[PDB]
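Participant: Below are the chains, spelled out letter by letter.
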Amino acid sequence: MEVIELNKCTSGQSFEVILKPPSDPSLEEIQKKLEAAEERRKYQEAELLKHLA
Amino acid sequence: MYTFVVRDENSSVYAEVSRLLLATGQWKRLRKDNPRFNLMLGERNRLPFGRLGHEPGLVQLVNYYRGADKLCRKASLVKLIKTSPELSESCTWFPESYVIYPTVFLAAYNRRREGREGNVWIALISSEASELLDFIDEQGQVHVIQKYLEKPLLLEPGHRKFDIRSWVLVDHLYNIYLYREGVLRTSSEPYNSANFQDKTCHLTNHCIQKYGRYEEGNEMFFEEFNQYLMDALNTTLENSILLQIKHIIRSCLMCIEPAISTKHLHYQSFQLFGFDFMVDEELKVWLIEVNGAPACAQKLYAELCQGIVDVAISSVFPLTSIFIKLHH
Amino acid sequence: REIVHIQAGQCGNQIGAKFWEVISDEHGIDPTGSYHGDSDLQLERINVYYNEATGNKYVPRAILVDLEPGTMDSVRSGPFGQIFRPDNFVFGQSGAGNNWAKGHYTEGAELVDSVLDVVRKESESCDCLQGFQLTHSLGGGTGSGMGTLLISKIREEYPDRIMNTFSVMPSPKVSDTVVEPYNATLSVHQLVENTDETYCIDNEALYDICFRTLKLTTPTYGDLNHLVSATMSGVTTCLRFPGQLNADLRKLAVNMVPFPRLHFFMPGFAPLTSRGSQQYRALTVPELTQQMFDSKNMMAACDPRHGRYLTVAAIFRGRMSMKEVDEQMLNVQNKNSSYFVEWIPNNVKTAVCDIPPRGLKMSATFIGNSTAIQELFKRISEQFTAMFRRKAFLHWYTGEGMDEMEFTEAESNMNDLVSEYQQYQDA
Amino acid sequence: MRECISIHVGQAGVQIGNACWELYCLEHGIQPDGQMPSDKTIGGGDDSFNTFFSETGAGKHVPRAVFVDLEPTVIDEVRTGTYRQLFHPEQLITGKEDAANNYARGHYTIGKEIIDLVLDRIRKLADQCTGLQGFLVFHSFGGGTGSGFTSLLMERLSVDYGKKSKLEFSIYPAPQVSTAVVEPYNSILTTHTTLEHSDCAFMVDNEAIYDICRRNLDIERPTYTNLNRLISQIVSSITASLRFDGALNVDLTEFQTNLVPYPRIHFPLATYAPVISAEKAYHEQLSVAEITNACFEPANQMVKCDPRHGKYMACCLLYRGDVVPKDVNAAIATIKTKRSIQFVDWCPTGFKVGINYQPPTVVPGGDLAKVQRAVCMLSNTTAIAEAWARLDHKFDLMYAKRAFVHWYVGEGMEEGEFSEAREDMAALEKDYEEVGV
Ligand SMILES: Nc1nc2c(ncn2[C@@H]2O[C@H](COP(=O)(O)OP(=O)(O)OP(=O)(O)O)[C@@H](O)[C@H]2O)c(=O)[nH]1
Ligand SMILES: Nc1ncnc2c1ncn2[C@@H]1O[C@H](COP(=O)(O)OP(=O)(O)CP(=O)(O)O)[C@@H](O)[C@H]1O
Ligand SMILES: Nc1nc2c(ncn2[C@@H]2O[C@H](COP(=O)(O)OP(=O)(O)O)[C@@H](O)[C@H]2O)c(=O)[nH]1
Ligand SMILES: COc1ccc2c(c1)NC(=O)CN2c1nc(Cl)nc2ccc(F)cc12
Ligand SMILES: [Ca+2]
Ligand SMILES: [Mg+2]
Ligand SMILES: [Mg+2]
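Taken in sequence, the protein lines are chains E, F, B and A. Note that the first sequence covers residues 6 to 28, 44 to 73 in the deposited numbering. Note that the second sequence covers residues 1 to 103, 130 to 149, 161 to 247, 253 to 361, 372 to 380 in the deposited numbering. Residues in the third sequence are numbered consecutively from 2, following the deposited numbering. Residues in the fourth sequence are numbered consecutively from 1, following the deposited numbering.
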């Protein structure tokens, strides 16, 4: 069991202890997909308003 | 009323646990996928342990021990014996075993060669290595090889091999319960040394007996066999064999208790095990296989499945004994 | 989050009126609109249902609609009649004669725009309008035919607000005329399409509860409507009062409705009480829980054991242990887990509110989306085709423009609805 | 010094944010008006607490916090609470209509109309920062705002701050305290769309916190304030190294370095002991070894699961109070023998220890008792995948029937995002299972 990097200070201490060794999309693409869902919405809503008509 | 689902339809044993449970009029079987169960009589592979114990207001119990496989798989049982210090690479009740994959065995086989000592082994039984090592690759999966017990204890009349199966039940509290009824699965074929390719005389598998001469179903229960020991050997089953069996069951299950205990867990396990032993000519008991999904012998199904319900199931869900508590 | 209430026709105005009495008493608002209550819990969410008027008075956000001046004059004469904003009385004079066609196509058409105008004035006052709740029956003509015509028009003007109805089902045990199955099948078609949430207040179930369980030999509408005001106060608890939930119509619709057309809820109430006579032992949380799931307490004549619960909301009113509520509710599920679908995990939700309703110390209101409601829609489909296979009484409707075809479609949509409820009873 | 911005989203996010910020103020000696007597660098400093607070020319200490709820009710209680003066109005952003437990409504419909206003009040804070580290994002998996707005926010942050780290504190959905039946839809959806944007996420299954509150606090029916004060204790433990002198986890990049070797598998299990009731008049104070052992009992974990049946890739012990290295190593040595602690073969078996001498702080009149020493283990064990299986089963059950799907499609989303998000999750459970066998 090996302690390895004791750092101390006034607040406390820290250290490691080895027991054993080993053996993104774009702003445009965001606004695109987002605005595709708002079109898919306005379609579905215009069909509703068409059917009401 | 408690509730329970069923997910191993081939379970001869829990087939009966299910039956008796219903007949109490206080248990109800739900659909296999119903999550609102108290008791999971679960499947044998990929049982979904990570889903038990998350149902508010439901105390959940299951009939297997997550991690128990380490004791019930030929290759892992060997790894457990060598690495766990509790068992020790030296335990006197396990035959020499090595795990060889197919793509120090030889070393000890040659220290034996240097003594020209018995050098039979098993998987499948050979005497020359090359004979065996060429078999494991002929299958493709992992195999393990073990000192064959060239000088086994043979019942007379018959000059016949056998193994002992003891049924052991571990409850949610990790009490270890040995069933009083054991069984000897006996070969009807006089063990012949030179011809190691004489299956049925070397392998005491009830199935392999595809018989009935000396005992019904090549099966000798404990009353008969103790009497034979008393008459033929001037001893008793307890003294000559059972002491060592309770030491082995106790030792194996004490070993893996930290890995599988459900003492503070959010669900609970019990499990039934079948332990298989080999008694040699010196009246020494040997552990061969530990079976995690064990079939009982028909005469006892009534008794053992009612004892499961009392000790493992009604202990948790309440509505002389047929077991010996093995004390740790 | 304001709600706009609309009550239409004989039945919708009579139960509509009781609702406002009942909940005006729970929020300490009196027949003048002046608050005289003890707890602040009564006013914290008063705006969901009431508009605050100058002088710090409260005026129900209620639009009162009838093709006839009869009932509506009785409301104005009733105990809380003065609370209602008078501009919100919208009414014709011809009546609708228990005729769906007159409600929907001829007489109602004349009057609907004036209703839509009062709806508009109310909506514009609104800060965040959740949607609408309508009280009507499906068996006459105004509430049935005009009622659904309004619902169609509201959804066109406010396509994205929530539409909630309290729909009284007709029953031969309490029936004005023989065309009620015609009127209700036509309306049920409308309701499947244009509401998010409808509470199926069956007059069959109200009748039996009055006869078998309250032992009322000869039940009036006033007896039935006592049951209806109890359920209505119940289901609206978690919208009018502060609690852990603090619900609104939309969250209610999201969690209760897995499939858009299956939005017909079975209400239930416990303890069943009869007007005037107060019994003096409070119930025990186990009693509320067993009773509220009891078919004898359902307000839709369906056997819950003949279907599966898709979803369930349960509301407990009074001082009691939320531990025992948790325990008693977890226990009826795990006892009768067969009757809840496996494929919507954890489909029973529960809430508690400290204020009990008037007269009782502790009460449980049940809201079930059970596939057993199909039994209701089958009952009415049978009475519908019993006459329609002979085209009986049809002339009352062909005389106002309607075609036989329109009946075949409505009949057909309802049998579809029943098939859909049947699909999930086996899933 | 490098600043850290806290973003609290949804009801669960905001109410937990309150719990934490109040705890921070207690621990740092800041008052409900943001006056810190002990700070002598008035109107400034690059002290360690200054990573979470800015100072004012009038010497007020102000959370580097942004609260955002699609609905005014919860953040309003902040606007009128004991710490109303602490925050600055434009950091408390509220909508009008909430997401109705609808991932798609919070992400697409209502998300699009506020995502710009929010990223602007966020950048207003990034501009008072000399060397921004990144973001701590607090949210529920279950709420529509919690799940859906958060993943839209997470996506833009990756865009406007590609170089800054993002850590998550995520409330995982528990039926007992749950308000909605669609939480498994929202959970999978938001995990899939946030996975590659989050550097490290600490899950807190409300089931686990609730039963710790019943068992170890003798609270009959835990409230959110019970769960949130206990949850901010754990949060404090995990952030102390950013707000205090130390040499372990001093910046948000170390969290990924110390606890996340493979980047997808970035869900470290938290275990916390000891949780001791303030009603217990007589309490025997637990030792270093007793509390380090409690870190390997599942009944203390932030998520119920069985680390014996997985493998570790990392481990931190964060102590607060009367603890010395020697006692820790004796307790580690004693524990190593008795417990089933298996690391992956490409990782060293061993612990990174961190000790802060200031003992845990308890908000006066809470349910937690003062204690001389506490510890919070952070362990990246594959056994947490159990929670993913649970969540993914519940999701397969509803989705096989497509129950509730229409609510989502009806806002923009496509049935496809459902199976796409579920396949990611299926990828995730396979990753875990690879590493842990
Ligand atoms: N631990 C804890 N969990 C909470 C708290 N508040 C809500 N939750 C959990 O969050 C889940 C739902 O997410 P919410 O945050 O409440 O919803 P939201 O973020 O406001 O999004 P909306 O749907 O628009 O309301 C529930 O299952 C709760 O268990 C809290 O204060 N503490
Ligand atoms: N080391 C050894 N020496 C001598 N005989 C041995 C032996 N190991 C096993 N045997 C005998 O040979 C048989 C080998 O088959 P094996 O033990 O694999 O069947 P099995 O035990 O897996 C069937 P079950 O799972 O139903 O108990 C053993 O059952 C025993 O009869
Ligand atoms: N429960 C209840 N049902 C009613 C009441 N009044 C009428 N109904 C039912 O409603 C149907 C008649 O419709 P009605 O509303 O009176 O006609 P409308 O005035 O044109 O809307 C009948 O089947 C009655 O059973 C009432 O006060 N209570
Ligand atoms: C089945 O799953 C849910 C059912 C219902 C609801 C819900 C989830 N979650 C919500 O936010 C709205 N809500 C409720 N709404 C209204 Cl109006 N009354 C209620 C009364 C009791 C109750 F338990 C819930 C509600
Ligand atoms: Ca300073
Ligand atoms: Mg009438
Ligand atoms: Mg909210």
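Mixed in with the good hints, there may be bad ones.
To be verified - Think about it this way: if two alpha-carbon atoms lie no more than 27 Å apart in a straight line, the pair counts; the simulated DSS-like pairs of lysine-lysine are:
#1 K32(F) x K288(F)
#2 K112(A) x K70(F)
#3 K112(A) x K74(F)
#4 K58(B) x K96(A)
#5 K336(A) x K305(F)
#6 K324(B) x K96(A)
#7 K79(F) x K311(A)
#8 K324(B) x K62(E)
#9 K28(F) x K82(F)
#10 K25(E) x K311(A)
#11 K336(B) x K326(A)
#12 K370(A) x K13(E)
#13 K70(E) x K112(A)
#14 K288(F) x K338(A)
#15 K154(B) x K96(A)
#16 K336(A) x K25(E)
#17 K70(F) x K304(A)
#18 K326(A) x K13(E)
#19 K336(B) x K28(F)
#20 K96(A) x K122(B)
#21 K82(F) x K311(A)
#22 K336(A) x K70(F)
#23 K32(F) x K154(B)
I should point out that these hints are in silico values taken from the structure, not numbers from a laboratory.
Participant: Can the restraint linking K28(F) and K82(F) be considered satisfied, given a maximum Cα separation of 27 Å?
Facilitator: With Cα atoms ~45 Å apart, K28(F) and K82(F) exceed 27 Å; violated.
Participant: Compare the distance between the alpha carbons of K79(F) and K311(A) with 27 Å, and conclude whether the hinted pair is satisfied.
Facilitator: Cα-Cα ~18 Å, so holds.
Participant: Just to be careful, I want the Cα atoms of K70(E) and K112(A) compared with a cutoff of 27 Å; is the pair within it?
Facilitator: holds (26 Å)
Participant: Would the pair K32(F) and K288(F) pass a check requiring their Cα atoms to be no farther apart than 27 Å?
Facilitator: Violated, at roughly 36 Å.
Participant: Check whether the Cα positions of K370(A) and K13(E) lie no farther apart than 27 Å.
Facilitator: holds (25 Å)
Participant: Tell me if the straight-line CA distance from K324(B) to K96(A) falls inside 27 Å.
Facilitator: violated (34 Å)
Participant: Would you mind confirming whether the straight-line C-alpha gap from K336(A) to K70(F) stays at or under 27 Å?
Facilitator: holds (20 Å)
Participant: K326(A) and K13(E) were given as a pair; does the straight-line alpha-carbon distance stay at or below 27 Å?
Facilitator: holds (14 Å)
Participant: Straight-line Cα separation of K112(A) and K74(F) no greater than 27 Å?
Facilitator: At roughly 59 Å apart (the allowed maximum being 27 Å), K74(F) and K112(A) break the hint.
Participant: Take the C-alpha atoms of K324(B) and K62(E), compute the straight-line distance between them, and say whether it is at most 27 Å.
Facilitator: violated (47 Å)
Participant: What's the verdict on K336(B) and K326(A), does the C-alpha distance respect the 27 Å limit or exceed it?
Facilitator: Answer violated: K336(B) to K326(A) is near 54 Å, above 27 Å.
Participant: Do the alpha carbons of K70(F) and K304(A) lie within 27 Å of each other, as the hint requires?
Facilitator: holds (23 Å)
Consistency note: the structure conflicts with the earlier hints numbered 1, 2, 3, 6, 8, 9, 11, 23.
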